[PDB]
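Here are the chains, one letter per residue:
Protein chains: 2
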Amino acid sequence: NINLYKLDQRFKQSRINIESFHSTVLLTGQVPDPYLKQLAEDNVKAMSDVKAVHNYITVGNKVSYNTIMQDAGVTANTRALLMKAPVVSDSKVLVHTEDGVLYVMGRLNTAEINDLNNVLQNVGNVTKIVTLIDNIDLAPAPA
Amino acid sequence: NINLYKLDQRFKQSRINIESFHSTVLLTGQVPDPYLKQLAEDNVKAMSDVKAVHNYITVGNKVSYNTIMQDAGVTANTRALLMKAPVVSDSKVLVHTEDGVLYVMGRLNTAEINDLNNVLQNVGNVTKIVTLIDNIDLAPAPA
Ligand SMILES: [Zn+2]
Ligand SMILES: [Zn+2]
Ligand SMILES: [Zn+2]
Ligand SMILES: [Zn+2]
Ligand SMILES: [Zn+2]
Ligand SMILES: [Zn+2]
Ligand SMILES: [Zn+2]
Ligand SMILES: [Zn+2]
Numbered sequence: 054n055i056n057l058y059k060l061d062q063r064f065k066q067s068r069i070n071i072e073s074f075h076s077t078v079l080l081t082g083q084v085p086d087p088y089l090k091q092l093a094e095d096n097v098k099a100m101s102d103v104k105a106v107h108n109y110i111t112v113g114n115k116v117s118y119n120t121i122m123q124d125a126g127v128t129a130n131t132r133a134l135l136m137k138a139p140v141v142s143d144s145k146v147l148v149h150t151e152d153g154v155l156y157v158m159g160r161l162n163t164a165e166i167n168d169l170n171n172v173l174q175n176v177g178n179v180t181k182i183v184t185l186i187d188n189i190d191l192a193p194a195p196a
Numbered sequence: 054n055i056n057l058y059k060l061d062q063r064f065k066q067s068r069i070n071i072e073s074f075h076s077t078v079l080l081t082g083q084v085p086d087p088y089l090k091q092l093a094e095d096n097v098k099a100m101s102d103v104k105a106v107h108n109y110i111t112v113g114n115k116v117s118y119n120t121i122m123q124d125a126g127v128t129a130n131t132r133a134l135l136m137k138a139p140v141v142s143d144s145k146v147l148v149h150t151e152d153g154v155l156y157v158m159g160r161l162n163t164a165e166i167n168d169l170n171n172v173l174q175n176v177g178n179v180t181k182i183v184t185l186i187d188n189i190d191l192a193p194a195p196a
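Note that the protein sequences, when read in sequence, are chains A and B.
Position 24, counted from 1, in the first sequence is what the UniProt record's numbering calls 77; the numbers after and before it change by one each time, with no gaps.
Position 67, counted from 1, in the second sequence is what the UniProt record's numbering calls 120; the numbers after and before it change by one each time, with no gaps.
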């Protein structure tokens with residue numbers, strides 16, 4: 054029961070964001086040990102109707118208030134660029150920024166993905182971009 | 054500068070979720086004092102491209118780990134019911150559950166809103182539902 058021991062004290066030191074879009078979950082945030090990072094993934098994967106989980110939680114101290122506000126501003130800037138985009142729609146992707154990493158998740162076609170990649174290069178205050186896009190034009194695997 | 058004093062210590066005691074959909078922001082979570090709750094709203098409202106902010110942060114202790122996992126499961130259950138719904142689409146609303154309160158936000162027409170209300174009555178483990186829906190069929194105000 055090591056991953057449950059003193060869970061309350063460890064979670065008080067944590068920030069855990071759980072964001073779902075369709076049946077895919079993005080985990081971001083900060084926890085004090087790898088046991089809690091894995092527990093969060095295990096617990097989310099066990100939820101009904103969850104298909105895939107992307108666990109980008111880090112093991113380390115919680116980020117500062119100014120960081121989450123800067124992160125939110127990056128996300129707001131990205132959403133504004135998306136609703137202005139020619140092809141890709143703002144409704145079709147989830148956008149989250151955690152500690153300067155811009156995450157974009159959703160289901161798009163190839164034309165929409167190319168537009169999205171063009172938009173994301175225009176976002177400031179981003180150290181890394183992680184796209185989690187399922188291309189709906191990909192042929193399904195054979196039986 | 055009372056709302057900034059010892060901000061780092063106060064934010065360590067906090068959970069602040071900032072979720073945007075189109076140009077509307079939902080704030081949920083827990084902070085130790087009303088000054089931080091108001092500061093979060095002021096800082097989010099100041100971001101470029103933010104039109105409306107719904108501040109549902111509470112002043113109190115951070116919720117437990119088991120609570121955020123139960124909350125996520127409510128959200129996952131709601132998303133599953135939405136993608137099965139006849140009229141309303143899962144892509145058109147943002148769903149978030151915080152401490153047993155189900156928040157649904159987005160832009161819908163009347164038919165989609167009626168379907169949504171039918172779906173939300175079928176979600177368990179919810180003490181309160183807060184819909185933040187803009188009905189796109191509402192006539193715009195006169196000049
Ligand atoms: Zn879906
Ligand atoms: Zn894994
Ligand atoms: Zn992944
Ligand atoms: Zn987010
Ligand atoms: Zn929009
Ligand atoms: Zn206010
Ligand atoms: Zn409101
Ligand atoms: Zn949420």
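Hints listed in this document are in silico derivations from the structure and should not be mistaken for laboratory results.
It is possible that part of the hints are untrue.
Copies of one chain are not kept apart here, so a pair can be met inside one copy or by any two copies together.
[As the list claims (entries may be wrong)] Calculated cross-link-like contacts (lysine-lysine; reagent style DSS-like; alpha-carbon spacing at most 25 Å):
id: 1; residue 1: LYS98; residue 2: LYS137
id: 2; residue 1: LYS181; residue 2: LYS59
id: 3; residue 1: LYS104; residue 2: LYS145
id: 4; residue 1: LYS104; residue 2: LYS137
id: 5; residue 1: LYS59; residue 2: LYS98
id: 6; residue 1: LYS181; residue 2: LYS145
Status of each hint after checking the structure:
1. Taking CA atoms no more than 25 Å apart as the test, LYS98 paired with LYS137 passes between copies only; the shortest distance there is 20 Å, against 35 Å inside one copy.
2. For the homomeric pair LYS181 and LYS59, neither the shortest alpha-carbon distance inside one copy (33 Å) nor that between copies (30 Å) is at most 25 Å.
3. In the homo-oligomer, the alpha carbons of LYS104 and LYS145 lie at most 25 Å apart both inside one protomer (18 Å) and across protomers (20 Å), since each shortest distance falls under that limit.
4. Only between protomers do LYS104 and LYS137 lie at most 25 Å apart by alpha-carbon distance; the minimum there is 16 Å, versus 31 Å within a single protomer.
5. Taking identical chains as interchangeable, the C-alpha atoms of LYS59 and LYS98 lie at most 25 Å apart only when both belong to the same chain, with a minimum of 22 Å there against 37 Å between chains.
6. Taking the closest pair of Cα atoms, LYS181 and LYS145 come within 25 Å of each other only inside a single copy of the chain (21 Å); across copies the shortest separation is 28 Å, beyond that limit.
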